[PDB]
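This document starts with one chain, in the form solved without the named molecule, laid out as structure tokens.
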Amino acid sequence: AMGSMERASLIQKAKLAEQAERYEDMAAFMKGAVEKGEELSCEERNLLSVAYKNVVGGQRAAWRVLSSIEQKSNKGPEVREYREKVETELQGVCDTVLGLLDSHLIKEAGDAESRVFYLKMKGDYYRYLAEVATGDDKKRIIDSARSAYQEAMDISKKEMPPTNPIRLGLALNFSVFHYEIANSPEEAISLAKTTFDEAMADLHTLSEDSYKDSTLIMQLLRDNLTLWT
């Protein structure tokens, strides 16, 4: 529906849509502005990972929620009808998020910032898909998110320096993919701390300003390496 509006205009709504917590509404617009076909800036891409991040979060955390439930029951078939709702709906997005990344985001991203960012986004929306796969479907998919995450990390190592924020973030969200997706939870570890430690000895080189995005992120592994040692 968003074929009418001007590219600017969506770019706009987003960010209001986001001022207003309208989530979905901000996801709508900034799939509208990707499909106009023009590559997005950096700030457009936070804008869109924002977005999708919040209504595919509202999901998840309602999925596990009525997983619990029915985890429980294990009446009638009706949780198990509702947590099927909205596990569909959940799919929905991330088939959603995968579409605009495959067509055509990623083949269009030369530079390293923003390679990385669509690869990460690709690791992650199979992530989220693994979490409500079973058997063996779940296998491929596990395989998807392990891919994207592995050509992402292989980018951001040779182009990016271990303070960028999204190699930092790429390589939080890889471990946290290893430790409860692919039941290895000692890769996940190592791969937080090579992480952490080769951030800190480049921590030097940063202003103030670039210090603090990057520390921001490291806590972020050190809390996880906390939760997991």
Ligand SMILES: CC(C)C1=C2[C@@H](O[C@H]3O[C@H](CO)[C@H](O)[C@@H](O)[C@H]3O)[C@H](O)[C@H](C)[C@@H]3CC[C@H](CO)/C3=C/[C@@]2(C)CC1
The other form holds:
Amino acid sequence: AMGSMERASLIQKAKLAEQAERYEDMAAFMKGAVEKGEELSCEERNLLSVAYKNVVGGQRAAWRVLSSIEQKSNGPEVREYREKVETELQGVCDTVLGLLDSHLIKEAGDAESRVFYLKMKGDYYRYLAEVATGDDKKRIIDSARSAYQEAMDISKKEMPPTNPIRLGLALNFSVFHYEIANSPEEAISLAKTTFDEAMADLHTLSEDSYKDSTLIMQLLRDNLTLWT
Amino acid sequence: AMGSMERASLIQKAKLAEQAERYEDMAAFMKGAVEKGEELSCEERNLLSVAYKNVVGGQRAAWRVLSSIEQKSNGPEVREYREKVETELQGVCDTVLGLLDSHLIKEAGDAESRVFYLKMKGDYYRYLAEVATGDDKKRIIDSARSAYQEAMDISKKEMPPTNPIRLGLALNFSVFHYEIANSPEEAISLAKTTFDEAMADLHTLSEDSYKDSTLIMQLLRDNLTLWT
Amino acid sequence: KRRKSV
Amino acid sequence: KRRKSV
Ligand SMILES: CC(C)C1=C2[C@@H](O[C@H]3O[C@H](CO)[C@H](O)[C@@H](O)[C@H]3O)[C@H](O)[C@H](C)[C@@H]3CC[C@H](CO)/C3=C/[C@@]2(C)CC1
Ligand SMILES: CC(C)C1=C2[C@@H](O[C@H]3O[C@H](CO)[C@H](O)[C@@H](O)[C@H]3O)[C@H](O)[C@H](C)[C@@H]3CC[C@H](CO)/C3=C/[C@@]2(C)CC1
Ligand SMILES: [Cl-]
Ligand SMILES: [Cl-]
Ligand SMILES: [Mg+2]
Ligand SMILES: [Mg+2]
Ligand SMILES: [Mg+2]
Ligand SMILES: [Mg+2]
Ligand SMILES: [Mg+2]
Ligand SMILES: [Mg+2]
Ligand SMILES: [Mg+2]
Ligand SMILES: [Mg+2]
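Alternate state requested, the form solved in complex with the named molecule (shown: the form solved without the named molecule):
What follows is the entire complex, opening with the chain shown before.
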């Protein structure tokens, strides 16, 4: 539906939507920008990520509320409405995954871009895994795992330990271990190792880069504090 | 689109959507319930009001952000996106007004219900007036005025001065005077008189009714503090 | 502060 | 607290 709008206007409108806290509009503007076929810049990748994280984050928060009510209840209304929210959540994850496969990831050659898009791929499969049941489920979990693993492998080869995308990738992969893969020891190991290697590289950073890195290091510390 | 769902299930789903902070779903469930053709109970009127107030409140907050950016700017993007938000806001106000005219207000005979729906009619015309320009504008403003006035006339004849719907009606009509009608003296007079007459009737109330009334009296005091 | 409505 | 992701 955004086919007739200039790319630069879609980007501009995404930034306006962010200021207005209109995250569904923001995501639609950014989907239209991706669909122009050109690679995204660093700033544009961030707008894409912020938009969908806010949209799916509202759906997930609602799903958790409804699932909690459903589990305490265990007529069809609670289950039906939880299913409705779940289906819409699945649709947004499928949209993001579709953008990544057609054709963001295949054109992303630089480490910063490729790691960012593989992290996103792991995050949206993880969101699908949060609601999945059975073994359909196992392949979804392994898809999240595989995307995170490839991103980790590139990030370790190509980025400093303080790089914010590397740090956020590790943070999210460690959550994946803790709550999706039933591997809390792996989650704790990964968060600790990541925190420690970033600490030892802070000395190389400017004041601004230090601020960016320590912000995500604090989220790693928050998780280790909760989990140990 | 809610035609196939039982009325009681729509109401139940509205309450679930409220818990999940899914206010667009909440409003659609409540629109479906109104469209069943039966009068709404006190609790159901409250769900209808909460749902649309949250939906339009998000649109208005966004419109104010975009209008501010547009006014500081004075390409077509800011104006276009402000217009898009404005049109969707107008559509939600027109939907609510349509529910009130087909046929909530004409079937509402009790004071509590009739005043509640006329307050809603004034509130959604006021929201249309916030974005309107010119004289098209004058008729919108006078529609808000007329609905509030009829609600005030009934409320004064039929409800105690502490009744929360009467208090909220006066609060909103006083905002209408202050910011839509350019009548800050009328706004201040109305908020003061309403506050004073409610104070003098508190003695008649239970602890629970007192809590309900004083909550809205505090909003009247907040406005008088801001305006004087 | 923004004025209150309800 | 709920665990952090980013
Ligand atoms: C505030 C930081 C922690 C965030 C950034 C992001 O910060 C940047 O974008 C925001 C503005 O939209 C920040 O407020 C800004 O300072 C900038 O550094 C950060 O560099 C990186 C990309 C983090 C870490 C992993 C994710 C990407 O999946 C990520 C996302 C965003 C865009 C959102 C959160
Ligand atoms: C919390 C009070 C001030 C509110 C009520 C409402 O309170 C009731 O509904 C809420 C639950 O959904 C309250 O939390 C609850 O305690 C109840 O008294 C109050 O009685 C009346 C109807 C106020 C005053 C005018 C508006 C109607 O247009 C109004 C709306 C709601 C439903 C929303 C705000
Ligand atoms: Cl449903
Ligand atoms: Cl637009
Ligand atoms: Mg072009
Ligand atoms: Mg399902
Ligand atoms: Mg390339
Ligand atoms: Mg490098
Ligand atoms: Mg029936
Ligand atoms: Mg217009
Ligand atoms: Mg009747
Ligand atoms: Mg009476």
